[PDB]
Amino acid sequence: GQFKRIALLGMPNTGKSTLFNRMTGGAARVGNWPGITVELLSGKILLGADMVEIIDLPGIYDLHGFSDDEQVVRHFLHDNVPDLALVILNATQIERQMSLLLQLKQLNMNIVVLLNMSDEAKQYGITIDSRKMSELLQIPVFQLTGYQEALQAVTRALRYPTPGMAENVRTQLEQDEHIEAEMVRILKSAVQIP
């Protein structure tokens, strides 16, 4: 059968854990990954004779930033190029959070977008046309009860290979790694911290 990985990605405080715990049925465990030293929650799911591992990556603001979390996410993506990036956006904060999605899109990753808290957003009169957003992005977009339709898009995206994706992704993260390398070099060489 197949073995594939989903990276759950978005900005912080976006309901990511809850969706994660639902998707992995509460049975996620912590684990150590190559390229990073922090521990991450992941859970494995059997679908027929196929397996998918879902990893909850910490919320971040800029894919090309240098906070600890952003470095973690970038190193994880570089070293463990997931088969699908599942990007969770907060429907109520859509204007602020689109930037992360678009940055990920620029890597040419395989992406599905879940617009979370769609009801609460309606209460502020916020309406999103999923179909039009989807056609502009050329990425599937689902509003969360929408769960079933999302799952359908998730499993669909896992059935096909993405030849050359890993090399595209690594390439597009290069300018950030050059900066990290400069930083280590300069600090090691020119700065003493107690």
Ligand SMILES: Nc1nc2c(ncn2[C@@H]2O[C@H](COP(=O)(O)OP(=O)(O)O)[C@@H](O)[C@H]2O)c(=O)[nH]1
Given for the second form:
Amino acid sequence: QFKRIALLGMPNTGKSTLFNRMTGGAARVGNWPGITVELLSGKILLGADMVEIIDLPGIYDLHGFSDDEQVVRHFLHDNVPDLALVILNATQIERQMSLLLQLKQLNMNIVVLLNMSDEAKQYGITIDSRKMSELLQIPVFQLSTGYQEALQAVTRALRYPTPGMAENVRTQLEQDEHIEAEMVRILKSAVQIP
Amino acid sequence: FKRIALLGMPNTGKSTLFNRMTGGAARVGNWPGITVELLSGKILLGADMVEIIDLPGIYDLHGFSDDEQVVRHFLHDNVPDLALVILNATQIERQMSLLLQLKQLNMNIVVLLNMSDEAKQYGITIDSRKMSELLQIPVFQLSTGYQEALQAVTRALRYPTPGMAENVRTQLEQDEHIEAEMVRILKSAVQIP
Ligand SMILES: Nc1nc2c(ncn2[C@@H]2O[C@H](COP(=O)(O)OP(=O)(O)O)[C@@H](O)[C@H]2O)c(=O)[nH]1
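Following the display of the form deposited without ligand GDP, present the structure of the form deposited with ligand GDP bound.
Time for the whole complex; same chain goes first.
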């Protein structure tokens, strides 16, 4: 019944850690439409409203065929998030940007969190989050700090629903889902296994 | 010349096949869209001298490994007359993913299932005629199967494929848009030593 915030990012980007910070727990929830796996999930008060956070498996390619990538698409297809809170490791920004841009092409509602930003600056990495936000057309926040500003932006991004956005997102996944369906189909018929 | 792109995952016997098809005479060469040198050789298939290019093994057509980026860049700027796709039969349950990603580009494809004997001993029974029918792509098993595979390749080079180059490039433009955006944002917003 509550609006859904999905945590999305690559593996080991601090997602479970952020989840624990937001919820104060490590609750796992199963019986999600479309997937059999149990995921870290919890509901929080965000201002006056209650919202549901779900930590999605870390993945490298939105359109890839690793098991985690399949699970993420199934979840997103059948449980279109009201917000994708995309977590990027500042220290590895060059290598992590692709997932963000892929998710943006799904036509989801996104807020970007640039994690480990101090560690980045301790190396020689400087990030202009205003410029990044400007070019992306997406809110971008750095976390060292930055957390309360990030939550504020979450509330703003959930304030006005978009009719037809579930159908839009489902449609952008269809091509990957077709490949998967064809795999299952052809393997079931043409390949016999022990 | 006509061009065949040899495509498969790593450790599928692609190197040994390319060596055989090119008779040991392959040389290094540069190609538009990539800065790396690739190996290619000549082979006579029916009426045509054909150039076969050995592309780096990849796992995910849309992934961001260096090899994957080179294969996509190569394909975009050098659309092959035939993609010759080599899968490991024992790992057919997963490796089907790359074949279907490549089909989705609207390429002209022949599939070779290598190590088909090993697969049968693992208890994996593949019915390649049925698989060919369902894919609408010719499928041939190797272990020997080489002559038959190469006659299908020759046949797959005969019919017209009008607009294909345009179709393949169009299908790859999603990937190139991601890459273009990545560069744009990284240049303007990020300074790394
Ligand atoms: N420097 C820094 N490290 C973090 C932060 N959040 C998580 N990490 C570390 O990143 C690694 C992976 O964290 P985790 O929550 O397990 O990532 P997950 O796989 O995405 O859930 C661990 O070493 C964490 O302690 C952060 O805000 N700053």
